[PDB]
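Let's start with one chain on its own, the form solved without the partner chain, as structure tokens.
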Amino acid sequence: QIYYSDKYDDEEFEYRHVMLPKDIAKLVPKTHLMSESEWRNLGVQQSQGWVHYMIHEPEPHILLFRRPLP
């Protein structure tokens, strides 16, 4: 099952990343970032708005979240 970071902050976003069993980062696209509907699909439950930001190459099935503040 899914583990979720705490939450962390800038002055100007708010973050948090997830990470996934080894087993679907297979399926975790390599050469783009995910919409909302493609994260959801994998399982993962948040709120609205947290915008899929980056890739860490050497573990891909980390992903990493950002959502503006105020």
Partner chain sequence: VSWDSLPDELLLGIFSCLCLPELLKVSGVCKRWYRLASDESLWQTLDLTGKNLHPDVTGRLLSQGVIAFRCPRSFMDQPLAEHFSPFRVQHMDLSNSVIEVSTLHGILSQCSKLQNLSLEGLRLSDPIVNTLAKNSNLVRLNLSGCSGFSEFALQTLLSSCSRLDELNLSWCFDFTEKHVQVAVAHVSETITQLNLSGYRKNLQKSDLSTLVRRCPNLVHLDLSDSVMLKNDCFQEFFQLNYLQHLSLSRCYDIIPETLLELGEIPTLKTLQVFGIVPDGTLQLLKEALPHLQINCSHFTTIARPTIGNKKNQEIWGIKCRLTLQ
Contents of the next structure:
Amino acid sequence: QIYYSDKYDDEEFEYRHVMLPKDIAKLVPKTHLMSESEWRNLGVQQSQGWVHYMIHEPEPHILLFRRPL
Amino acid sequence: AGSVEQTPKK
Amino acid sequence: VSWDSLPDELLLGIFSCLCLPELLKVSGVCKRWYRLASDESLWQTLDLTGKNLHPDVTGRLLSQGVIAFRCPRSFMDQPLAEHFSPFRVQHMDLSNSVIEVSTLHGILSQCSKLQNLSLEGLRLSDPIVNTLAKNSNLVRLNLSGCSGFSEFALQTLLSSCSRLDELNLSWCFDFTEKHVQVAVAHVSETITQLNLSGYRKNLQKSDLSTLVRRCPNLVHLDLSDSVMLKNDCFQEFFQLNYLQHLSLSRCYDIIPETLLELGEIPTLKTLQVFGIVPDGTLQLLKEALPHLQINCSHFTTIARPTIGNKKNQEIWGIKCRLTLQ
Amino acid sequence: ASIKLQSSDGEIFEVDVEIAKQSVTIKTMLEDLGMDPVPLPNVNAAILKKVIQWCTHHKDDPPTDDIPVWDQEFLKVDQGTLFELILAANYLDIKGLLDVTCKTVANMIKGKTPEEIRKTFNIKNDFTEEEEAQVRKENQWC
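Switch from the form solved without the partner chain to the form deposited with the partner chain bound and print that structure.
Zooming out: every chain and molecule, the one shown earlier first.
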């Protein structure tokens, strides 16, 4: 149900996005970003160190992550 | 430390 | 009809009905209208969420006497080129903005009156954290996801904030066991809400012991992702006579059965234990502890300025009058 | 139950004490100094009549955004009257009347360019061309 994109990087960060199904997507906060405890609570499963660092407003069901290289 | 924290395989 | 005779207070009364861009428009009418458009009484509450702006501008707006400044997810990715005198700001949210360490330092070095602050998601430094210690009246402080500072800077900050009620000090990714130990040994005894999640191996059972010993008034305690905490630490929570909200998600070495003990805490209302209840058993836990709400709060409210009800533009309950909507 | 008020030009109005209470000025004038009418040297008969009319309509109101339908027609007056109403609202210290009158003037300001403002209200424009561009520069950010 939850889609996990492939990772790409720049000289500084690695990047991924996560696409949520409609039922999980409706829980995503609008007024803050999610700490790792919070997105793991939601059911998002990935490695350690990924930071939900911005809200992509046009598509709330898509979560943008980055982690230092 | 049970349950592995990693991305699910494709 | 001459409106030039109309007193200052009455023009301020008319101006106060104008939305932000409308207010800036009318400053270009005369030297008097320009004076009054920047008054004070008009600039108490300001919301610039998501705004891309030069930090000199934000410094200027703050110098006009802003008391509550909502500016999360903003862009201030240019260097400061102006100097400022102390700000009156008491409530400020800059979380998840794009802003350099030096710019952040420039702004915060002029702040001593903060009651509520969120710097969630921002890279800091020792000078920043040290300058934050000027705000000794801080009641709510959010440094979740912040980094770039030593345990020595943290200690000074925590020792200064001796009336702190809510502290979110979670997921500070560059923390070592020194930071964690400083945190539990230096948080104000007054603290009723602590989020210290995300330290895994760097948070030990003895740290919980220190905390409980020092901070008997805890109502919310979030220790999610603390692998070292098992059922042998549970008696520590019974020393907290006011504990209502506990979180122990992904404390993987907790045997699901042992969570029954936490049902004996007389004041407990809610429990988060995500990731440690085997699939197909959660409703057993729930029905076994029916006086508790279990796994119903994915998110922390600790030192968070703005939560829930899908719109919410309030900053710790304050609606901002000047906004770009 | 009933109380008398004298306008600046001498006319005397009989009003309910609770309706007259909506004016904080009149409220603070009733504790000290006795014997009716209450002099109001700063509001004339024409405006006081309107003020009393307003206060009667809002006598049962409990009490930002949205001028009620009745107040919209009530304030459909020339700039002179409205100008006097604000001053009267301020002098008599009637919160709700001050609220709707200020909003009305602000609603006139909404949309009109800074050049229309100095005209429709007849205001003197001092320091032009250099300062006017410097004000625009300071507000560019928005």
